[PDB]
Structure formats: structure tokens, C-alpha cells
Amino acid sequence: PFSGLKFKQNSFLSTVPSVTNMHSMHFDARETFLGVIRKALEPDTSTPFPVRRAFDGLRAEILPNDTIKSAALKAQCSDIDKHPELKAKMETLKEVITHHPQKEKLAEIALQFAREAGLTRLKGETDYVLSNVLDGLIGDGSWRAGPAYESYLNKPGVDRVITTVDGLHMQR
Amino acid sequence: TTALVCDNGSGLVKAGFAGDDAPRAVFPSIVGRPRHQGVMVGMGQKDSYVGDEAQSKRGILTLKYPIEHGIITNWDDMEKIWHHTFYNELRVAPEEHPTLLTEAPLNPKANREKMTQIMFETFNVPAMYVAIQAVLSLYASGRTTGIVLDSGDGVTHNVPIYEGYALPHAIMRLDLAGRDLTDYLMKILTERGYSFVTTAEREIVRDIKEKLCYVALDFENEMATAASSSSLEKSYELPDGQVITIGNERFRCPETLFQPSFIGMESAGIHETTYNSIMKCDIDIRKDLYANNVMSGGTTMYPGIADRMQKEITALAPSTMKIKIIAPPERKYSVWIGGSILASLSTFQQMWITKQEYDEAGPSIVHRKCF
Amino acid sequence: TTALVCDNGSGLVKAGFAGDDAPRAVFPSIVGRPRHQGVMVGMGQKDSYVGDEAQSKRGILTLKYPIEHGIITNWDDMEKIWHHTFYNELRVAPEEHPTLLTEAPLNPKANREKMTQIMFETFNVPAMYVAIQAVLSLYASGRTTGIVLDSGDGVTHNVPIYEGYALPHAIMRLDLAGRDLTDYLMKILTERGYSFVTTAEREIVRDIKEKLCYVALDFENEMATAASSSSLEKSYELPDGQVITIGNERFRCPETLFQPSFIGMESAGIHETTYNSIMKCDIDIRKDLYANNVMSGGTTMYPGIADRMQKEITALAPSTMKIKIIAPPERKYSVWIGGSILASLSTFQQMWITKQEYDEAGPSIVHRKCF
Amino acid sequence: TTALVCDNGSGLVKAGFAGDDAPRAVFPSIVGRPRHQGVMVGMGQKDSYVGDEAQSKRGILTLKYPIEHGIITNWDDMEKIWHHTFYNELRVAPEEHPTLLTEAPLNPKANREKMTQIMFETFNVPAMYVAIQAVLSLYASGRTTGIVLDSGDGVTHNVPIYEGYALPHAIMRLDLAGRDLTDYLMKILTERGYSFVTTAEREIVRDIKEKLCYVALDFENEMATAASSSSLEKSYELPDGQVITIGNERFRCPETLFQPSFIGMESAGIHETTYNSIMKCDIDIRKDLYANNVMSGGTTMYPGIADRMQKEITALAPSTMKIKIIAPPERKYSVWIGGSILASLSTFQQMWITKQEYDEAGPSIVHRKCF
Ligand SMILES: Nc1ncnc2c1ncn2[C@@H]1O[C@H](COP(=O)(O)OP(=O)(O)O)[C@@H](O)[C@H]1O
Ligand SMILES: Nc1ncnc2c1ncn2[C@@H]1O[C@H](COP(=O)(O)OP(=O)(O)O)[C@@H](O)[C@H]1O
Ligand SMILES: Nc1ncnc2c1ncn2[C@@H]1O[C@H](COP(=O)(O)OP(=O)(O)O)[C@@H](O)[C@H]1O
Ligand SMILES: [Mg+2]
Ligand SMILES: [Mg+2]
Ligand SMILES: [Mg+2]
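Chain order of the listed sequences is C, I, H and J.
Each residue of the first sequence is one higher than the one before, starting from 514 at the first, in the entry's author numbering.
Each residue of the second sequence is one higher than the one before, starting from 5 at the first, in the entry's author numbering.
Each residue of the third sequence is one higher than the one before, starting from 5 at the first, in the entry's author numbering.
Each residue of the fourth sequence is one higher than the one before, starting from 5 at the first, in the entry's author numbering.
Be careful, since some hints might not be right.
As the list claims (entries may be wrong) - Computed footprint of chain C on chain J; a stretch qualifies when at least three of its residues, placed anywhere within it, have a C-beta under 8 Å from a C-beta of chain C:
id	region
1	199 to 212
2	241 to 250
3	260 to 273
What the hints assert, rightly or not - With a straight-line cut-off of 27 Å between C-alpha atoms, the simulated BS3-like cross-links for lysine-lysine are:
id	chain 1	residue 1	chain 2	residue 2
4	I	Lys84	C	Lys587
5	J	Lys50	J	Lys84
6	C	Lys616	J	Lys328
Hints are computed from structural coordinates only; laboratory data are not their basis.
All C-beta atoms in this analysis are idealised placements derived from N, C-alpha and C, irrespective of residue type, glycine included.
In isolation and in its complexed conformation, chain C is listed as follows:
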């Protein structure tokens, strides 16, 4: 139903934020990531008009831009088993996402969002609309585990390093 959908190669590059802004105190990693995904799937002119419109309508229903629309969709998606039409629409979105020519860049951007801003901190309890999207970008499903951060308390190196500035004001 979505054959021939061509996209701009670098449409979504201008949307991804800076790494320093990921650690902002008030930063919605979910909304920024969904905006990047929304930009990544914009139909171009080469796509025929009817399928273009149909995909635009589906994208508007599932991936809106207004905050109230996103909140309403998330709230109505908690009990998703009573909306089989949403299931079908999400599956259709997955099928076109999984064949995106820029899947690798999208997957690495998703991993960067997960590691820096903590896109998936619920580690398997993430929103349904995020679950299928991430499954499309990365099909292994390993994002349920987590970024696997690092630790320093295991003392792999006993340190005890005293450089020039630390050698002056040395205590004991």
C-alpha cells in the first residue's frame, strides 16, 4: 500500500538536537525523538499524490505535532487491545519504517537518544507507540535491557596519582 515512497536523504539531520542539550534539566527526549522520526518519514514530491496524502493522514493520526494530540494519543494507547484499527495502523507504520533507506542512521540516533537523554528509562515499560517504532529501527529488541552504563566504584585502578598541582597541596 506504500510502494515507491521516496524520502529526502538528509531531511532529519537538521532536527536532531545537540548532545549538550540532551542533558537539559527540562528535556523531553520522547517528543524530540518522535519529532526526528516524523521529519525522517516526510513524503517527497516524487511520491504519487494519492499515496502521499494517505501516508500524510496516517502520519498525522499516529505522529502529530501538537502537544495535546500527542498526549491524547499516549493516554488512549494505554489500553490498546480495544483499538484494533490502531494496531493495523501501527503495523503499517512498522512495515514502512523497517524498509527506510536511512535505517542505520535512524537506529544510531535512537541509540544516542537512549544513552544520553535516556529515551528508554522504563526498560520494557515504554509507550506502545515508542515500542513499535524502536522495534522497527532496531529489530533485535535488545533496547528492553538498557544502555549498560559504566561504573567507577569497582576500583579497577587504585589511582594514587599525584600530579604537579596536586603535589603542592598534599596532605599527609
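Given the coordinates of chain C, assemble chains I, H and J with the ligands onto it according to the supplied hints.
This is chains I, H and J with the ligands only, laid out in the frame that chain C set:
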């Protein structure tokens, strides 16, 4: 009821109520997202600054231009800008006021189709119309014959109009405008140790170009004078207190309008483009089109550009013909004034596009009803 | 429930409850152990003393600072001070009150990870959080923009913040603060025959520095004046009754803050660092940063230091800008005062690191929820 | 007579005779002066050290780089550097040999005029010529078509050349190179407790970066790999016998080349800069440019950076195009080898700027006869 005119250009968004002499809201078409980390509670909670607040807080933002080279690219940013214009600057309800938008010639059809779809679906506008910018400019000039040179921040275009009959086969478009001049000035201020690489620095260099540059009558003669003495050099104060002085960059920056070879383009200068635009029309109207060079847009505001235009066209033109340049002082807003005129003429209210028509024909109606 | 704010400085420990105006308990951060053999049985002898009680018996003890240059070194001694802080100074149970801690920027990550483990397991606090000291200083000042210079006992650092957004690449740190000055004064006091070698006597010198030292507006002119007459000489009474008189040592000791080469450091003075920190920020925010220099910490309490900083920054900055130095009279507790405010924000209550979250993620969770 | 070639890079000086396959003298471009007070007579009698001598005695010197981002900022130190290169390293009289110098594109024009003046007055060279570094790098590859990514200590720039013709409007320059990476590594080394603040410690950090850093093909999987085990950790011995161990910092430091946002810069990575520079050329030469990426400079020999660059460009380019990266093992001296070749050509002996030609025209002559 009262009509709305919203001249969406690449550089500045000019909007206001129709039937008025001058615009009411002029704000740059810039959308800004914070760049650095936010560390203090309560400060932040603003994903995107758009309009003038995107110019106040330039230190911490990345400024993106939604409407590059005339064609809208980032449609979400354009939607934000339109929402801002309708709900904050004009303070009007979009569903209770007819609107009017502008577009350059030779644009992709998909652009205006998506424009109409956004206007009729997201905003639920009652009626709308898309007009080519230079015809509006001619409306503002109070004339019925002439050739118009509109040069803004994105696109420089020409259309020769004779007795209300435009000649589509003579329309010329050239993607060389204000933003290219600003970038060229950026590349040339490095020759004095001044470096500008970020978007806020882009706005600063654009301000320098607006406030100090001028068009030299004889580029070769002016270049000798600048290299001979220091009368041409001026001083500008950067926002952080440093003082810069620029010399031959004052008139080498706007020269790219006449010699697009400076930025590597193979196309010819604007004067020769205007000359060619006339030679593609019928022989009996060339006399009138020489005598009605109307020019509009911000990029046309440089001091002396009218005289250089006149001299170049006279050099190209036959000796008998009279070359006259019409440069009204308010030409920075000629397009908006023409939109205001056209939205208030009685014979225009039958050339609207209505939601009832939209539903029957779809987004394809715009090419059939508009030019 | 009421939150606890405990600022573990290098020199002093400031503790209290959120919502109060001043810390309830301020005691020195030293742990002392006897260095002689007891002979008298039948009286209470303790192996260690913490805080003020250690000061009163410093004639028989060996004082050790469990924090140096901003990083905690002796964890067993550090644990004692917290236990003294929670039970003997505050008379509270840490299992009931959340705690907010402070830390200098650019400290090793192992330092703050241990602070999480020693509070979720040794004391079993409901939740905790770690904040940058420089930011807390800005909160107490009732601002949202400026450049903060906090200099305490161990670390002098700068953190420029614009509209609640920090610039981490512009953060500066120097290991030059009050403890280094006390060691410098203890060296040049050997010029007149005064010797101080024991840790007990270093406390005496630290008191001499507080009550007599000041920053001269001009170093050369002051040096000539003190070398000409005996106007600047002042007297101090040692605890054994002996009297000491000092002359030019009064303003030579705090001069190291502007000329670090006295103590062998290759780094530049604080005024150059503050200027160097500003120039790493964006061009459009330098005007605001010049007029919002905020100071805090004990090392800033010297008489005349605000004027000397005001004079020096002006010379390096351009003549157009205005330099304003902000030194509120209670800046010795600015970090803690901002700590009480921040813990009292209703919006801040979502940023705590709960006990449940720690058991899921481990000590490394402090690196994600804390800047 | 035999020509001289002297590549006064930002970090290292390369010198030698034309026609030789490798430089004869390679020493770091640093001038140091003592910072402690000498005490033994007859031993401290020098004022400043140049090159390797400054590196050997860096424990008691303050090392300063006379070049910052490809632009010379301390001209007396540069005079010392050139004097040393001519006399103590090459042991030739500059008054008997023509010299060839190198410069990055888009450099301030005053920088090369003063170079010409210093060469033609202080050293009295018979003739001299200034060449763009990136163009020379292409000579020492046996090709006349390709895009050159030269990245040294100060400046990373791109120069696209097709069939011997350069497209100057497509030249990209970026102030992000080896020195910035060393500074970033110094900043993040404090996370493990290692603090380096002095210039000698800056040299130590630079050596560590040279010896233990590598570019990860996939950043996020590499970060997980290093955080899950200890396979990537490596040990380095500080000169005083202490041992330091680094982890993810091995591939985090070179990552700033592809993500400049780590160090607060807004510009895009080197791969995006290469792609943008290629896309600004004519549509008929992109296919050849994709197949002839030439990489040269000291910052280019991170292990595996060629594969990462190829992967990124493959992601950015269309599928049907073939991306080939050319990274010969001798790319630390590609610029110098090309300079040796060019001065050795028989068709170049007519483009030297002779002494007589400089006297007639002045320092402005170097702008006309050089690109
Ligand atoms: N006084 C001036 N002198 C020179 N250039 C100007 C002046 N005012 C505006 N400009 C240039 O005009 C450009 C856009 O002006 P405008 O005509 O509003 O564009 P548009 O037609 O796209 O709305 C700006 O980029 C600016 O560089
Ligand atoms: N009135 C004063 N004049 C000069 N120095 C002072 C004064 N009061 C305190 N100090 C010094 O300030 C230093 C640090 O105090 P404080 O601000 O508590 O540091 P911290 O920020 O580490 O808690 C102390 O070592 C003390 O010597
Ligand atoms: N093997 C290496 N790995 C990583 N970086 C290196 C290596 N060798 C040299 N460098 C870095 O390359 C930088 C620039 O070297 P060079 O090419 O001589 O600069 P320039 O082009 O200015 O002469 C040096 O500062 C050094 O830190
Ligand atoms: Mg316009
Ligand atoms: Mg403190
Ligand atoms: Mg080089």
C-alpha cells in the same frame, strides 16, 4: 469582512490587515531551538523560540531558516511561524478573516499545493488566494505597464507586464539574493581576521551588511580609491564591545548582484537578466518596458543601486531609448502594499478560493484558479 | 517532611533545614586524634574528636582535614563527620529526611558515586541529590543570568550561566583557595621570626589571616607605603599571651589570588580566569555576563577585593562595557542559602534520586539525574 | 641552487630540501622561557629555548605555541622558530636558497604579507612562494582530481580539485584539530582523577592521545562494550613512574571530530563538512570526487578513522556511487612531500616571487602571484 495579507518571504515575514497603508507586524522568519545545557529549575521549558524572541536570545539558540531560496523546506517550522503570526502578532482569529499569500514564479507545484492544504485544513481559513509577488509590487506602484525587479532574501525574479498582460515566456528567476550576499560577506570578512561561523554571527554579519554596504558606480574605479586611501573605511561595534573596520568589503559584497561569478555561479548579472527579459517580449512594447523599471524588495535598498542599474541598462539599451528607474522609498514593502490594494478592490472578491470549492476539487485547484 | 541541606565544604560543614534563612550548624571539618599517652584514668577518653570539640583540645591533638582540593580522601574520617552532623549537630534521624549535597564542578566521578553509597546504605536516607555549588550560589542571589566565582577553602571555580542555560565548555577550575593562602602566610610569617609548624598552629595562622588580611587596590603603591612608615602595622595576641606585629604581610597574602606565581603555580589569577571564562561564551551574551559577576565563599570576604576585581576586569574588557561586581554581605553562606531555596521548590521535587531508583541502577544513577 | 620547503604547521615544523623524499628536520613548534628563579651562577644563562630543547626542559619552562589555529599570533617567537630552522636544524644560509612556505585557505591576508616581509627583509631570501597546504597534499598522491581533507594541529580544511581546477566557493574551513582534541582529553581525564593543568602536562596528555586513542566504527556499541567489560582498558606510565589507566576515553576523544557538539561548537562533523563541500561543486564532477577522497595530516592517523569516514559518506551519498578513501601510510608528510615535488618541477621556476619583484610592488605582491 476585513482581509489579511501575509507576505511570506525567506527573510522577513510582513503581515497586516488589508486596506491599510503600511504593514503592522514585521518579524524575521527564524525558528530557534536551545543549544546548550539547561541547569536551573524553572528556566527553560521552551522547546522552540520563534520570531523576535529568537533574535533576543541568540546567545543560546540555533537559528534555522524555514523558507530557504523561496521554497519552503521545513514545513513544521513554517506551521509554527504561521501560528505565531496569526495568534500573537496580528491577534486575530484565522477562521474569521480572509487571507492572502505570496509566491515567487517558477516554484514547484507541490509547494503551493501543500500551502493550500495547510491553510484549509490546520487553520480552517474561510478563503485564501496565492498571488505572484511582482504583480502585487506593480499594483502598489500605481501603474499598468512596466518590468518589475523584485529581489529579497531568497529569490530575485523579473516579470514584464504590459497593459495588464504578463508574458510568462519572458519571466526570469535567479537564486541569488540577500542571504547569498551575507554568506559571501562572511567569506570575505575572514581576510581581516574576523571570523563568524555560527547562526547568531550570521545575523550579526547581516546587520553589518544592511548598515554599511553600498553599490559603487564604477567597481574598478572604486577599488582603486579604497586601495589608495582610507576614506571609504568605516567602523561598526560588535555586540560584545569589540570594534571592527571594513574597507573594500563595503562595495565588493553587493557587487555579486552584478557579477554572480564571485560566488561561483555561471549565471549572468541582474542587469543583463533584466535586459534579456525585455528582449524576450514583443518588439512594440520594448519602448514602454524601458521606461518603467520598477524595483522592490530589501536587497534593492542599497544606496546607489538604482543609478548603477540605470547606467548598465543604458549601456545595453539602444541609444535612442529612454531608461527610467522607479525606486519608491517604501519599496521594502511594495509587495505588501500591492497585496493590500488587491485585497480591497471590488472586482477581486470573485477571484477567491473557498472551502466548498476545495472539498470538490482538492489541492489541485490552486493551479487552475491562480497564476 | 522537611529536607536537609548539607554543604560539605573543604573547610567548613554547613548544615540546616530547607526553608531556613541561615544554616543551623557551622563547624570546622576536622577530625583530631591524640598524639600523647594518657596517664590519668577515671575520666572519659575518646579516640577521636570531631568539629568544635576537636578545636578546643587542639593543643593535644593532631588535626586532619578529610577533604582536600575539593575531593574526599579519608572516607572513614568523612563518615564520622556526617554521623556527627546528623546526630550531634542536627539531632535528627537521616532515615526520615531527604538530603541534598553539594560538589565542586569537574570532580572525579568516584567521589560522587561514594557519596551516594554512603548515604543509601550507611545512613539509609529516603532520597538524595548532588548539585553544583556554583549554581546554588546563583539561586540565593535571586538571578537567572551571570557568571559565578565561588572560592572556598579548596577550589576556585567559574560557571557562566545564561537564562538558566550553562556553558560547560566555559567552566574554569583552579586549586587555589583559602587553605593555600593559609599555608602561604605560614611561610612569609617566618620572615619576622614567627614559626608555625604544628597543625594546631595552622589554626592560629588561619585566624590571623581572617582578622587582619585585606586586598590592596594597587600592589606597588601599597608596598611602598608599608615600606615607608608604620601605618599599616597591626597587633595580634597569641593564645599564650605573646604579641605579634605584622606589616606588609597583611596584603601580600591575598595577592596570590591575582598573582599565583608566588606559590609556584603556573595558572593565571582569578581576574584573568574570570575574563577567560567569559570569552569562551557566545558573543551575544558577553554584555550581560560583564554586569552580573556574582561572588560567594569565604575566600571572597577580604576587605577591598570587590574593588580590586572591579578595577582589573575593566582593564581587560573593552571601554564600552560596564563592569558590576556583586558581593552581598552574607556571601559566606550563599551556597547553602541557595541550597535551602532549591530544596524548597515545588518543581524540584521530581528530581530526587529515590531509594527505589538506586537499588535498580546502582551508584551510577547519580551521573544521570545530577549535572 | 636547491630550493627549501618549510611547512610551519600549527604544531610541528617540517623542513628539508626539494627533491628529497622525507623532511630532514621535524621538531615541535614551541618556544619556552623559564618560570623559576635561578640560583647557580654560570648555568642559567639562556633566555628561551626552541624546539626539542624546550621539550626536554619542559619541567622548568612555560611552553607557548607561536601559532594558534593556523594564524601566527606571536611574531617574535615565529622569528626565533624560523631562525632556528634555517641555522641549527638545516645548517644553511637562507640568503642562498629559495623557500616555499605553506598556509591554510581562508587565512587572514595580513598573515601572508608579514610572512613575505619577514622572509624578504630579515632573512633576505632570494625568492619565496606561498602554497595552499591542501593543494600540495594532492601533488604527493599521483593524482590531479579529488577532494583533500587536511587536518593538522590547528586547522581542518577541505579543498575540492577537479582536473587541476579548484572550486574556491566550495572550500570549507573548520577550527577543530589536534590541539582541541588534546584539550578535550585533558578535560575528560579528570573524571578518573587525573588532573593536568600545566603546559608540560598538556604535552603529556598529547603524547597519551597520540599513543592510545582510536576511532570507533560504531560509537554506541563501543560505549556499551567498554562499559560491560575491561577489554578496552590500557595502561600508560607517566614520566615519574606513576601508572594511569583509561577506558572509554580512548575513543571518546577522537569522536569530537564527527560530533563537534561535545566541545561546545555548533559546526558539523568532518564527514558532513566533506559532503557539503562536495555537494557545492558541479553536478558532473561529483562522481569523480566520491572516488578520490585524499586524507592527510597528523590528526588523520587515528586507527580506523578511514573506515569510519567511508561508512559515514556511504550513509550520506546515494547508493549507486562508489566511495573510496585514500589514506597512504605517509600522510603525516603528504603536504611536505607535495611541496618538495612542486619546487622540483621545471615548470615552477617561473612562478617564484623574486626579490626585485617584491621591491617594486611591496607586500601586496604575494596576493597576486599566489592563490
Ligand atoms: N537597508 C538595507 N540595505 C541593504 N539590504 C537590506 C536593507 N534592508 C533589508 N535588506 C536585505 O533584504 C533582505 C530581505 O528583505 P525583504 O525584502 O524583507 O525580503 P523578502 O522579500 O524575502 O521579505 C535581508 O536579508 C536584508 O539583507
Ligand atoms: N573574613 C574573612 N576574611 C578572609 N578569609 C576568610 C574570612 N572568613 C573565612 N575566610 C576563609 O574562607 C575559607 C573557606 O571558607 P568557606 O567559604 O566555608 O569554604 P567552603 O566553600 O569550602 O566551605 C576558610 O579557610 C577561611 O580561612
Ligand atoms: N599517531 C597519531 N594519532 C593521533 N594523533 C596524532 C598522531 N600523530 C600525531 N598526531 C597529532 O596530529 C597533530 C598535528 O600533526 P601535524 O600533521 O604535524 O600538524 P600540522 O599539519 O599543523 O603540521 C599533532 O598535534 C598530534 O597531536
Ligand atoms: Mg518578499
Ligand atoms: Mg564550599
Ligand atoms: Mg600541516
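Run the structure past the numbered hints and jot down the numbers of the failing ones, going up. Violated hints: none; all satisfied.
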